[PDB]
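One chain comes next, on its own, written out as structure tokens in the form deposited in one PDB entry.
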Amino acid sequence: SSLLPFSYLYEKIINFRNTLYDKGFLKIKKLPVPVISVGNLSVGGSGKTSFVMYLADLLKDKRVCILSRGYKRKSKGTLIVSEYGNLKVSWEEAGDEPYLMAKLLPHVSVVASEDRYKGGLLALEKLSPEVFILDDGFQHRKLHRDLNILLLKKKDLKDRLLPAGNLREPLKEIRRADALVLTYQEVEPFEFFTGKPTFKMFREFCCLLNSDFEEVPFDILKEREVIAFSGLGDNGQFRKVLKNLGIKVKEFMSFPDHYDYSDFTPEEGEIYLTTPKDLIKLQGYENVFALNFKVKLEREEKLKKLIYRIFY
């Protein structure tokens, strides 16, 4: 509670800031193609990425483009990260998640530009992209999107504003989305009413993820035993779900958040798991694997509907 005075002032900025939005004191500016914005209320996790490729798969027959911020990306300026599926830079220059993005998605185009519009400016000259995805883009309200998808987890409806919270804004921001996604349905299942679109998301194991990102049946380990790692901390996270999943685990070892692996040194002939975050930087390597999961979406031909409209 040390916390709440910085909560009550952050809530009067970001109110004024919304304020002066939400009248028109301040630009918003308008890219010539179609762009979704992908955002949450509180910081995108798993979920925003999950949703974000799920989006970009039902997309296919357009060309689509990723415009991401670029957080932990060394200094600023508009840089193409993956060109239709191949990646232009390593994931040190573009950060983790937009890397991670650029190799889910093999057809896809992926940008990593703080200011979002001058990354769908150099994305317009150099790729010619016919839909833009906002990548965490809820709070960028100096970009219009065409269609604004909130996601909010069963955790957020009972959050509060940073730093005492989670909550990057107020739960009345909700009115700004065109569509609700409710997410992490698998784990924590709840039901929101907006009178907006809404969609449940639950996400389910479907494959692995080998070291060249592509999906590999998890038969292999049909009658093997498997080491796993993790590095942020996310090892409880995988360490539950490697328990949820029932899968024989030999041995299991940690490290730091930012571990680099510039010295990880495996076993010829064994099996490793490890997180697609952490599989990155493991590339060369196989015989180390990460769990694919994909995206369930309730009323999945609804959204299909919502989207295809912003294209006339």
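Residue numbers count along the first chain shown, from 1. First, how it differs from the form deposited in another entry.
Among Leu122, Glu298, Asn86, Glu92, only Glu298 lies at the hinge, the spot where C-alphas switch from fitting one rigid part better to fitting the other between the two forms.
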Second form
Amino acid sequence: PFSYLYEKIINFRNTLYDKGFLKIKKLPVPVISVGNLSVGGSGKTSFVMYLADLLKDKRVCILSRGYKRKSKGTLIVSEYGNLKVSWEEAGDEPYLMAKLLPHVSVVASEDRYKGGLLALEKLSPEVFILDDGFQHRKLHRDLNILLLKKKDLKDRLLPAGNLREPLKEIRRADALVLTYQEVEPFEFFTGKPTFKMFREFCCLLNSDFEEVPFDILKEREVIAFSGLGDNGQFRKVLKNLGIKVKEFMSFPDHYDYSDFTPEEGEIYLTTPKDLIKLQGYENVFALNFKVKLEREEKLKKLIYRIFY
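Could you present the same protein in the form deposited in another entry, rather than the form deposited in one PDB entry shown above?
Only a single chain is listed, so you will not see partners or other molecules.
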């Protein structure tokens, strides 16, 4: 019920943009924005990566904001897979994406347009992917992709609910991706190109972010841990997968793992974002979920239209 007035402020902000009262800038190569409406688990990350993969015959650069990083200012995190900074400096997300996408460039920058210019100067990418870019209207995108999970529809605005913008804002989108289909499937019809996203369990990632068979977990029990607070969602996934934990450690959300002291011979499971902090530790893994999108080729055709 402060959500009523938050709605009024956001609306105003959107009207300023609609009526040309707030400046909008444009990069000289196509921009694809991936975003959502809600705070909380989104699949944005999974989908940004999937989308980068689809562009495998294009020089791709991801524009990410970083969130909490040990540095300040526009920063090239990775040059087509060549990592230039540590995860501390990069921020968890952009680093994780740099690690998993060896063909792609990643830039961390609060000033997104500026990040874009720096990339062009130094990397000459053919396409930008604007990570979490739906509300960032000051940067023009040629393809505005909006992610929606079933929960979003039954949700409210902040501070009551998790919505950053009202549901009506869905109409700004060029295309919709309906997430978490594997667990909470739903349909949605707007006339907009619309795609169903599934995530399914492939295998493990070792600390080198190479793929390792889920098989090694058999008749083994693991020690599981994580930080960034998200400490039962993980427990939930592990349970659903029939994975036998034998203790669950929960570290503070900043935890840098410098004094992490493993038990010899024991198998550890943690999250992809914790794992980036434990490069080199063997017998430490994260779960690897792949994205399958329905009508991938349609999606591909839609994306490739930005190149004309």
